[PDB]
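Student: Listed here are the chains, written in short residue letters.
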Amino acid sequence: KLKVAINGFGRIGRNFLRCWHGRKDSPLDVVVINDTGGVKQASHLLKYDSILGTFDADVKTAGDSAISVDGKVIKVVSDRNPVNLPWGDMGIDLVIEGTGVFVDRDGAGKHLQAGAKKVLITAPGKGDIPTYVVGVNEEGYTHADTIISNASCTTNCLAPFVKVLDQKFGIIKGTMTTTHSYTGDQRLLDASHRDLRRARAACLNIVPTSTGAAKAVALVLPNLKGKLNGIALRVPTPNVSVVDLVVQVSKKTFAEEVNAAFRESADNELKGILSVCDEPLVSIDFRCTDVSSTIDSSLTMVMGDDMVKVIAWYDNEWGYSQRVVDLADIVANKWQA
Amino acid sequence: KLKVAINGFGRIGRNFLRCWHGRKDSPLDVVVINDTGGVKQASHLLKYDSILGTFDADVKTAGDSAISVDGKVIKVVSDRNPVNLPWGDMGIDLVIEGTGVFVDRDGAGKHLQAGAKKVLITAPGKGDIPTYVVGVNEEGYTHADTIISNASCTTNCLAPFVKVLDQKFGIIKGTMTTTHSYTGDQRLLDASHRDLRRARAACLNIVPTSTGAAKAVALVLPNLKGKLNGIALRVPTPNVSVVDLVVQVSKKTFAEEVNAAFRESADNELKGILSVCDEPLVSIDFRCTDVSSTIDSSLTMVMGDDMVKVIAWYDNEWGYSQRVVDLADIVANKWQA
Amino acid sequence: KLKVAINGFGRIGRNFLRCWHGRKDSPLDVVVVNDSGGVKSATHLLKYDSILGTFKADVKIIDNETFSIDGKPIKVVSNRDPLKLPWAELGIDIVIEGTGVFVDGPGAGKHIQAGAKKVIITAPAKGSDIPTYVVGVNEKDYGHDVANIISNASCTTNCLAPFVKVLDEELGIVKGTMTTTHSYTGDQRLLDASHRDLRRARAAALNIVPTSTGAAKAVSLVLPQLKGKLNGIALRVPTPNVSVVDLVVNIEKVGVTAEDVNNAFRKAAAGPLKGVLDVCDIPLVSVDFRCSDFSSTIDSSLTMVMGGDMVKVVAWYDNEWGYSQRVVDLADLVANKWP
Amino acid sequence: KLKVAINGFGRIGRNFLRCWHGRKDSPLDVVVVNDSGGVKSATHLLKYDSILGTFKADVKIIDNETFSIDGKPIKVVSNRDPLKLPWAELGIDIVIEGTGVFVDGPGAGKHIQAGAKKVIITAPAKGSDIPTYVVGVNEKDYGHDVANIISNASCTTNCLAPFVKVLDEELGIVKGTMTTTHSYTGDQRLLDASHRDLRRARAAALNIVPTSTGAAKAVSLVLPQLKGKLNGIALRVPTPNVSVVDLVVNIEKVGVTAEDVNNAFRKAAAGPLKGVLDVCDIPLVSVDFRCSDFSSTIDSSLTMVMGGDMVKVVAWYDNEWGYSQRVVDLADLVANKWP
Ligand SMILES: NC(=O)c1ccc[n+]([C@@H]2O[C@H](COP(=O)([O-])OP(=O)(O)OC[C@H]3O[C@@H](n4cnc5c(N)ncnc54)[C@H](O)[C@@H]3O)[C@@H](O)[C@H]2O)c1
Ligand SMILES: NC(=O)c1ccc[n+]([C@@H]2O[C@H](COP(=O)([O-])OP(=O)(O)OC[C@H]3O[C@@H](n4cnc5c(N)ncnc54)[C@H](O)[C@@H]3O)[C@@H](O)[C@H]2O)c1
Ligand SMILES: NC(=O)c1ccc[n+]([C@@H]2O[C@H](COP(=O)([O-])OP(=O)(O)OC[C@H]3O[C@@H](n4cnc5c(N)ncnc54)[C@H](O)[C@@H]3O)[C@@H](O)[C@H]2O)c1
Ligand SMILES: NC(=O)c1ccc[n+]([C@@H]2O[C@H](COP(=O)([O-])OP(=O)(O)OC[C@H]3O[C@@H](n4cnc5c(N)ncnc54)[C@H](O)[C@@H]3O)[C@@H](O)[C@H]2O)c1
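Chains as they are written, first to last, in this note's numbering: chain G, 1 to 337; chain F, 1 to 337; chain H, 1 to 339; chain Z, 1 to 339.
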C-alpha cells in the first residue's frame, strides 16, 4: 500500500530489500532503486552476496533502467544528487536513505525536494531529527515526522536490553565497549581517512574507533542522558558484532536474576526484538537473526551486588535491516496523508 | 652463568629464546631444548617466524641432537615424558616450562626428578604455586621456591596498571573484558575441544572464552581478592591483544588525572613494564614491544566520577616472553644454593 | 534399508551426515557415529557449523549416547580402536572412514574385523591397496564382491578427473601440469608450530602455503590413459573453504579455440556429467560456490588456449560439501548394487 | 644531487620513500609529497604501517606543510590537479607518479607542464607513447633525451620478466600460460560493493578472486621476442602482501631436467641478475618474503619439467616492497644518466 524508494543500494540497502522479500503481506513496496551503480551492479550484488550468500529468488537484469526479482519489476536510476531523482514523478511515499552521506536536515531533505514524502535514514540522525529504535520508543512516532533515523546498528542492540535493566534495577551510570565487525567505512589497506584509526588495515587489526550509540541510547531512553558512554573495537570479521555493557544499578542484584528479567521481557514485550541464548556459541552462529539483540546468558556476571556486565550479540547488517523494515513497516501503518 | 633448559619450544618457547638473544649480559644461558619436534623443526621455526619475522642471526642445524645460533650450540632432545630428560646429567638449574600441560605440582615436578633444580612455568600455576608478575610483586620471590609461574599474558598486562589504580584511587570492584588474538589452543576449523567455543572456527569468529587473569590478579595483588572478574573475546588476529578494564574507585577522579598517574608510574617505578601512548594506533602497531602493558590514553574515560574504564594493549607473545626472561633473569640474581 | 556408520565426525564426516539428511530418499541410513567426544561435542558441532551455518532441524540429545535428528535416533560411540567398535552388534553395512588415519588395507579393514560389511575411505588409499572411484568417471567399475574397501579419491582429484576426462576423451591430452589454490585445512597449523611438513607448520591463516599433492598423479587411478602424464603442486591460502584448480595441458588435437573447448564441457555437462560437471559463465568468486553440488565447475571466461596446442582451464569446487556429496553418491552406489 | 617529488602517498609511494631513505646514498632527494591529507595524514602513515611496521626514525611535523625524517625536511602539498603543482617553483627533476590515475601520455605529462623535468609511472602506461622498463632486463635501453615519461611496468611483470628472460635466453621459450596467486590490493572492495569489475567488487578478504591481468602480455614490452606468446589470469587471495607466479611454458630446447633449469637461474642469479633474481632452496611460505629486495625468487623445490618440453616455475615476490625498490633503481638510473 506504501510506495518505497531505496537510495543507497549498499550493504543496508540490499540487506533491507532482501529482508523485505521475506516478509509476508508487507505494507511496503519497493519500486525504485538509486545507487551510483548500473543495472548490472544492482542485479549481481543483490543475487550474489558474500555474507548472506546467494539470494534464493530469480534475479535478472530486466530493462536498461530496471531489474526483476521473481517478476516484481524495479527501476534503477543513478544520480549522485538526490534533488534530481524522480521521487515526485513516481509518487515516492518513503525513501530508505542508506548512503551514509545524507544524514542531516539539509541532505536528507533533497529527497523531499525530489518529490518524496518521507525519508527514513538508515543511520543515526545528525542534528535535530526524530530517532526511534523499534522496541524502545516506536510509539513516539507520528505521521507528522518527515525525517526519522532508525539509529545505529549498535544502539539498536544496546537499547532494548538497557531499557530492561534501568526499567528494573535503575541504571546509575555505566560504560560499554562494542567489539564490532568491520564495515565499508574502513580502509582495506593503510590509506588516508579522517579517522587515522579507521584509516588502518581493518583486516589486520583491532581498530579502536568511537561510537555514538553511547550517547544515542539517551536519544531514545531520555532517562539515561549522560549516564552511558563507550568506545568500539573493529575486529577482522565481516559481520555480526558483540556489545559489552557495564552498568551500576541501584537495586542490589545477582547473576541469574538479571538474565531472568531479560528472558521475561524477551518472551513478552520485546518478543521478536530481544532474546537470550544459553547454548555457548560464537559470532558466525548469529548470522541472519531477525532479532535486534541476543543476550549470551552464560556470560552475564555481577560484582559487589550492583555492577552488572552483559554481553550481547547482534547482526549489524541483517538484524538492523529487519529493524529498518519494521520501522518502515510502521510508517505504512499509522499513515494518514 | 645460570644454566637454562627450554621445555616446550612452542610460541613462548621460541619467542623467549629470541627475547633472550637480544639481552645484554644475560645471567641466563640456554643449553638444551626439548620439544616433540626434531632438530629440523627447532631450527626452521626459530629462524622463520610468521609473526616475529625471520630471525636476524645465523641459525643452522649443527648436529643430530643440536642446533647452532651465532655459534652458541644447543642440544635438542625429545621425550614426551619429562622425567627422562637429562636435566640432572646436564646440571639444569632452571627449566622454562612452556608446553601448556605441566602446569601443576605433579607435572612440573617431573622436571625436578629429571635432575632439574627449578621450574618456571610460562603460564598460570594450577593449585598451590608461587605466582609472580614482574613489576607487581617480584620481591615476593625467594630462592626457596622450586616451582613458580609467571602468570598469564593477560594478567601480566592487567596487573601493573591495576596496582597503579588501587594504590591511588582504591578499586572497590570491577569487571574487565580482553579482546584477545587467537592462540594455538583454538581449533582452526570447527573441531572437537573441551570448550565448544574455543572449538569453533577461530579465524572466522569472535570467540568468547573465559580467562583466569580476572581472579589471577588477586593472586599477585592480594588486596583485590574477589573484586575483579571478566571474560575474553578471541578475535581473528595472530598477536597483540587489548584489555578493557572497568573499575569503580572510592576517590572521585577524572579522565586525565587517571592517565597522569599511569604516566608517573610508567616513568618511575614501572619504567620498562607499563607505558602510555597518545598517538592513535592499532594492534599491529604494538608488535615486539618490550613492555608488559601500554595504556591507550586517548581512550581512557570516567563516569559519574568513580567508574573508570582503561584500555590497554600488550603483545601476548613477545611482551610476555620478555617478562618470562625478566623473571628467570631474576632467579639468576638472588640465587644462593 | 542399508545401515551406515560414520567413523570420524569431523568436517567431511559431518558434511556427510548433512548431505545425507536432506536427500531424496537415500537407501543409506546413518545409525551410529564415532566422535571421540560424546553426544555433546558430537551434537553441538552438527547443529552449529562455522562454514555451513546452523543446521536446519531439531537436533536433541536423547540417552547419554543417542542424539536425534528430527526424531530419528543415532547411537554414538567413541573409541580410537575400530576393533572395539560394535559394528557387528549393530549390524553395520557401510562404514564411512573419515579420519585420515585408516587409509591402508590393514587399517580400514579393522572395521571389517569388528563386523562391518563394506568400508568407504573418504581420502586416497594409504598405498597400492584398495580401488579408487570417482563418480562421474569410472563408477561403473564398482560391483559387489569386488573388494569390500574403496576410496572416493581426493577432493582435488574428484574435481579434476571429471573435466580431465572430457578433455582427453574429446581432444586428447598429451600431458600437462596443474596447480590448485586451495582453502586451508585441518592438517595445517593455526600458528607456526611443529609439523612433519615445514610448510603446513606455518600459520594456515596468514600464508600462501605450497605443499605437495598426489591428487594430480592419482587421476590415473581412474583414468589409466593419463598414467604419469599429469602432476602439480598446491597452494594453501587464507580461505576456510572452496578452492580452484589451474590445469595446463597442451592438447594433442589440432589447435582448437577457447570457447569451443568450453562447449565440450557444456555439452558433456548437461549430458553424461549432469550433476558432476558444469560451466558458470557469470564472473563470481570463491564464496559463491559454497554448498555446490557439482564435483567441478569451470570458469568459462577464464579458459584460454595459448599456442593452439596448450589449453588452460580453471575449475571451482567446494572441497567440503562437494566431495561429501560424492561420498554419499558412492555410498549410494554400493547400496544400489547390493544383493 | 637530483630533486624528487612523489605524487601519490599510498603504499607504493610510501613504500618508495621508505626504500629510498635507508639507502647507500641515492642521487635522488625527495623534497615534496602530494598526499591529499596534509602533514598529519601523510606523517602518521609513514611512521606506522600495518605491513612494514613502525618506521625506524624520528618523523616530526614541522611547519603546517613540512614534516621531517631525521631532520631532513620534506615539503608537502595537496591537489588532485597536477597543473596546480609547484613542480617548477621547487624545481622538481623527477616525479614518481604513483596514483594509478595518470598513466597515459596526456595525463602523466601534466607534471611536465607544471614544471617537472622527468616523470616515472609506478604502473603500466595506458598509452603506447611511453617506454616500459624493467631493471635487470632492458634498463640500458633508457638514455636521456629519449622520452621524459617512463613506466616501471607492473609488480607482476617486474617479477616475471627477469626469470622469463633467463628461460628463453637459455632454453628458448616456445610459448606458455601463467597464473598468479596475488595478495589483495587497494583496488578491491573491502566488502561486496559496487565496482566496475564484479570480481574486485567482492570482499577482498574472504574470496579467491579471479581478475584479468595484462602483466602477462606486457612482458613483451621488454622482451619483444616473446610478443604474443605468454598470457594468463590472476587470483586474489586473503593475504595483504607478497605474491607468487605460476609460469607454465613448454620450452623449445631438448627436454632438460628440473634441477638444471634451476641452475640456469642460480647461475644468472649470482651473475647478471645479482640483485634481481635469486633462488631459495629452503621451503618457506609467503610471509617469509616480506621486505625482499629481489624482484623475483624461485622456489627451487617447486620447479618441475613435465614432458621434456613443458617447464613449470614458481616465483616469490613482495609486490609492495620489491617493486618500490626497483622503482628506486629506475629512478636511480635516470640520475646516473643525467647531464
Ligand atoms: N552495515 C552496518 O553495520 C550498518 C548498520 C547500521 C548503520 N549503518 C550505516 O548506514 C549507512 C549505509 O551504508 P551501508 O551499510 O549500506 O554500506 P555502503 O557504504 O555500501 O552503502 C552506501 C551505498 O550508497 C551508495 N551511494 C552513495 N552516495 C550515493 C548517492 N548520492 N546516490 C546514490 N547512491 C549513493 C554507494 O555507492 C554505496 O553503494 C552507513 O553510513 C553505515 O555506517 C551501517
Ligand atoms: N602465546 C601466548 O599468548 C601465551 C602467553 C602466555 C601464556 N602462554 C603459555 O605458553 C605456554 C606454551 O604455549 P604456546 O603459546 O607456546 O603454544 P604452543 O602450543 O606452540 O607451545 C606448546 C609447545 O610445547 C611442546 N610440548 C608439548 N608437550 C611437550 C612435552 N611433553 N615435552 C616437550 N615439549 C612439549 C609442543 O610441541 C609445542 O611446540 C602455555 O603454557 C600457555 O598457556 C601463552
Ligand atoms: N573437509 C574437507 O575439506 C575434506 C576434503 C576432502 C576429503 N577430506 C578428508 O577427510 C579426512 C578427515 O579430515 P577432516 O577434514 O574431516 O578432519 P577432522 O579433524 O575435522 O576430522 C577427523 C575426525 O576423525 C576422528 N578421529 C581421528 N582419529 C580417530 C581414530 N583413531 N579413531 C576414530 N576417530 C578418529 C576425530 O575425532 C574427528 O572427529 C582427511 O583425510 C581429509 O583429507 C576432507
Ligand atoms: N604497493 C602495491 O600494492 C603496488 C604494487 C605495485 C604497483 N602498485 C601500483 O601503484 C599505484 C598506486 O596505487 P596503490 O596500490 O599505492 O594505492 P593507494 O590508494 O594506497 O595509493 C594511491 C595514492 O595516490 C593518491 N591519489 C589518488 N588520486 C590522486 C590524484 N588525482 N591526485 C593526486 N594524488 C592522488 C591517493 O591519495 C593515495 O595517496 C597503482 O597503480 C598500483 O597498481 C602498487
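Check the hints yourself; a few may be wrong.
Sample of chain F residues at the chain H side, in silico, Cβ under 8 Å [unchecked claim]:
1. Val103
2. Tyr182
3. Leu188
4. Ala191
5. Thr209
6. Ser210
Hint data in this document are derived by calculation from the structure and do not stem from the laboratory. Ideal placement from N, C-alpha and C gives every residue a C-beta, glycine not left out.
Student: Taking the hints in turn, state whether each one holds.
Tutor: Hint check results:
| no. | hint | result |
| --- | --- | --- |
| 1 | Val103 | violated, 18 Å |
| 2 | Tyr182 | holds, 7 Å |
| 3 | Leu188 | holds, 4 Å |
| 4 | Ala191 | holds, 6 Å |
| 5 | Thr209 | violated, 14 Å |
| 6 | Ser210 | violated, 17 Å |
In this structure, the earlier hints numbered 1, 5 and 6 are contradicted, and the remaining ones agree with it.
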